[PDB]
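Below you will find one chain, with nothing else, as structure tokens; this is the form solved without its partner chain, and questions on how it binds or moves follow later.
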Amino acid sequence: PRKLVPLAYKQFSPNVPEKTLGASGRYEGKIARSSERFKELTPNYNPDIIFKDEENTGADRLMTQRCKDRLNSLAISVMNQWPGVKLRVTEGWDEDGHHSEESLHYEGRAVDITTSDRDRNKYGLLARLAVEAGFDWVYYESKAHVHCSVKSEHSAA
């Protein structure tokens, strides 16, 4: 086994920019409910994940299949890491323009996460678990959350 080293505040892994092919790849444009690409999004109702849903719209649950798969893997690892604690999503798909101009939040490929107990001291390790869970980019963006994203299925050729 390898020793698990938490990410430090503002560290990102892999250590390259988010929207490079070695990480989560390109911005593909905003997804709105009326978009054809809204069909890229699937609602995550994993009982072992808490969703903040501050907008009261269920947007936080709507994400791409790859995002869902990586998040679901991480959910198991979080419960393993801290028995009694669960993975929590505080911001998923954003319909409201609350990020920078070309955010993967706008297309359901990024989630901001915490632990269910909101113990900020756990977040560096949470970030390392997100890397181990296979998220394509993980960024300890604020003391209050870890930003995790995935690539799209649209660079296969």
Given for the second form:
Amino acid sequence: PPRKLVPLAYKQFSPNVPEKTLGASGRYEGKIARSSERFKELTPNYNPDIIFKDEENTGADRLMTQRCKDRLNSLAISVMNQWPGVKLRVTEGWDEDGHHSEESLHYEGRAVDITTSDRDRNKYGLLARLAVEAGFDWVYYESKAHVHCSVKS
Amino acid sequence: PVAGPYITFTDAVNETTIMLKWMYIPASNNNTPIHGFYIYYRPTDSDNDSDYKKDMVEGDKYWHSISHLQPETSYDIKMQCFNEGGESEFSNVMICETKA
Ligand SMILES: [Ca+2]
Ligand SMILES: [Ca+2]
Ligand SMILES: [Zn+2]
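The structure above corresponds to the form solved without its partner chain; please provide the structure of the form solved in complex with its partner chain.
Full complex below, order starting with the chain above.
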């Protein structure tokens, strides 16, 4: 049974502090490449009820941290329960393509860009609220095209 | 060609165009000749590889501008080099947005 929520406004973030603060996701610890020793800290997410964009054909999006994975996995349930017939969609997980601002938590597989499988942007406000309640250490309506989520280290 | 280019920078020039640059080194391709590049782009809200549009540039340029795009829209962008023997693998895929 879907729940009544308070949507996040565009460009809003929760908690109401910068992402790299202790009350949010914490500081940037370094860029993880495939060769990086910490790369092995990234597990692929193979949830059947999460749609991964994977336009790279490398499955990089599925790569994330155990924490990002837990928060994400329970958001997938939150989304189907909110809009039966609609699934959680990931457009960006861990990244090695490099279009993200240096010190991006995407390079550490600690962040995800998410949307709704139907791309109904009217759902994005709520989607953001859900991510917050899913345990995501930082949620940020970063764009009209996606919501930004991240976790501590 | 087998190894593709590598997109180094992408950014919005305005409401309907995006600029991108890239590097490329042969020898990884046995120094074979290159007769240009294909620049692929697609609305991010799409996940089907049949929705990519294509642009042609000559093998003598390291940058390009994609015009006639939609305002305030996100795009997946990847590319590949080629010769008379076919196209190379796709470069990294960059996600860039236009202006509001
Ligand atoms: Ca991606
Ligand atoms: Ca990526
Ligand atoms: Zn992001």
